[PDB]
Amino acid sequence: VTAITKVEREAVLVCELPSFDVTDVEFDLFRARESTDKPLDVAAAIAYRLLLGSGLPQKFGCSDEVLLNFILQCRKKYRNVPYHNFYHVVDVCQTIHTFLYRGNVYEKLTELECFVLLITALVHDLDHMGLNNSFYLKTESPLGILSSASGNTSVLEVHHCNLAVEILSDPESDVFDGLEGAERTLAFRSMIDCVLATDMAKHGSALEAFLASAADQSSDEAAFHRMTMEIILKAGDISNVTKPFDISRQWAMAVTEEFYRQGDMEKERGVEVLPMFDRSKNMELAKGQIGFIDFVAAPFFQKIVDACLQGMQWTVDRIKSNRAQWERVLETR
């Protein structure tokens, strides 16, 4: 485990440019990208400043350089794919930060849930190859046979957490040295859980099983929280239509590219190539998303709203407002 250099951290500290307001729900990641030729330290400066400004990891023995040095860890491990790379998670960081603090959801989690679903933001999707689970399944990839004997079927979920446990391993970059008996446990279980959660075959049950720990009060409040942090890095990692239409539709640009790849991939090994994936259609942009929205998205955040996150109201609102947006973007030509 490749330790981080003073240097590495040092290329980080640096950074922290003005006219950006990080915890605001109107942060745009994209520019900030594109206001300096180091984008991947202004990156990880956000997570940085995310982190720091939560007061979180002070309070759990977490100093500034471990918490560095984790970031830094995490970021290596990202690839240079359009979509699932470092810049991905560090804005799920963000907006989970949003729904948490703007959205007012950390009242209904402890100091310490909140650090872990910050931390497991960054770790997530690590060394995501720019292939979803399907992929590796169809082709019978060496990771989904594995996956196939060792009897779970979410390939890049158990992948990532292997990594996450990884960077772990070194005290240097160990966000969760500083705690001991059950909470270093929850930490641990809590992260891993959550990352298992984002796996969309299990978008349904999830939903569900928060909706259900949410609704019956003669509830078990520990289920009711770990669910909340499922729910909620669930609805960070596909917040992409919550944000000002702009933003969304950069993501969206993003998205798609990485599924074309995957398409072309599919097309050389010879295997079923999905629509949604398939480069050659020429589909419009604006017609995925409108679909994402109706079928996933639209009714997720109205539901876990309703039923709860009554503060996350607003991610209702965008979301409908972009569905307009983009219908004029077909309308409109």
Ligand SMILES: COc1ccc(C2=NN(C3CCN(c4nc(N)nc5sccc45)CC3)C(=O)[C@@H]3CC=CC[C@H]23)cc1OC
Contents of the next structure:
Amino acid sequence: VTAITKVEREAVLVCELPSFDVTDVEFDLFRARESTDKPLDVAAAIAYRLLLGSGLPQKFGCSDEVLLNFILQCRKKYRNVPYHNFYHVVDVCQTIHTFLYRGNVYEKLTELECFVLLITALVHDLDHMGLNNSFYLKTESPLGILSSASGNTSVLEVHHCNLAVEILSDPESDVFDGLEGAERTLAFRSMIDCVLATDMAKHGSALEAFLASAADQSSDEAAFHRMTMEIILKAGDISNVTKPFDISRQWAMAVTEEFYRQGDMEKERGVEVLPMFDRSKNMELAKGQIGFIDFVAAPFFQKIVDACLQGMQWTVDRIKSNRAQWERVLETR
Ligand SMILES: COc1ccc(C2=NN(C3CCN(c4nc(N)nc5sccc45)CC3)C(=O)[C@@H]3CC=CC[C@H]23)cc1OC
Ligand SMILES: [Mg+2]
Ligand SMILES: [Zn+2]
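Follow the form deposited without this ligand with the form solved in complex with this ligand, if you could.
Okay, now the whole complex, with that chain kicking things off.
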């Protein structure tokens, strides 16, 4: 990987972020993108500011310049797609910060684990192309074959891990270079385990395992910590519905357009197209958001909050409020 030139760096540094509190649950990344003509610069800045503010790269020997380089190396690896672009991962990062620090989830983990989660947010969908794992396996693409012959159906996640390891293997972008022995090993391993757990095919099993561990007073402690990390990155990944309605709506539009584009390609190549990806059906956004809420996100947040993450109660409340708003849209249709 080519090095991060100083103007690249300096450009991110000049962003000022006035009128924004990045630690707030109502922080609005869409507004931040619109507030200047270099949104990719402002996004980077939000991440940088989040990490320095936590107090954590400092404690694990990661300097500010390495921190920036890492972010910028991650950024160059994000494509221009509607949803799975760099803003999604910065959003996941900032959202995770709120879970740890407004939701008190920090109490369940070590400082290193908190540091790892914030970093892992930025790598977790590196080089995403707007196409889901299913696409690669249907069209027998190289990545699909490679994953399949390697023994792992989590096509993109193994890909994102491979690239995260490749970025951290360069010392000018190694945010974990100041760690040693068991700590270094733990950061790599937990980072990887977290990104592999974002595959939604494993959603049910990762949720059941966390729940089972949280209910058991004699759970292996190390194991509980890992699963809590995995669940928190999962939580950030499906956190669009826990945000203020207008934000949530904006995310929904973006993911919908990405899904549609995949469907367009699937038609071209002749493979099977599901209705959710079919632009020639035009379901309403509301129904699609209500279904995601009822089948995936409300039970997930409700369950983890009740199991042991009591501080995240606002996620359940906002999901409830967002659902009602979507119902209201349909009720006055
Ligand atoms: C803003 O609104 C959204 C944001 C993200 C997604 C995602 N969706 N999925 C899938 C999840 C399982 N899916 C569903 N499962 C079940 N049981 N019910 C239902 S109802 C409708 C869907 C559905 C299909 C999509 C992904 O894997 C993406 C990659 C990683 C994390 C979340 C991403 C989806 C959004 O809104 C639909
Ligand atoms: Mg992903
Ligand atoms: Zn993601």
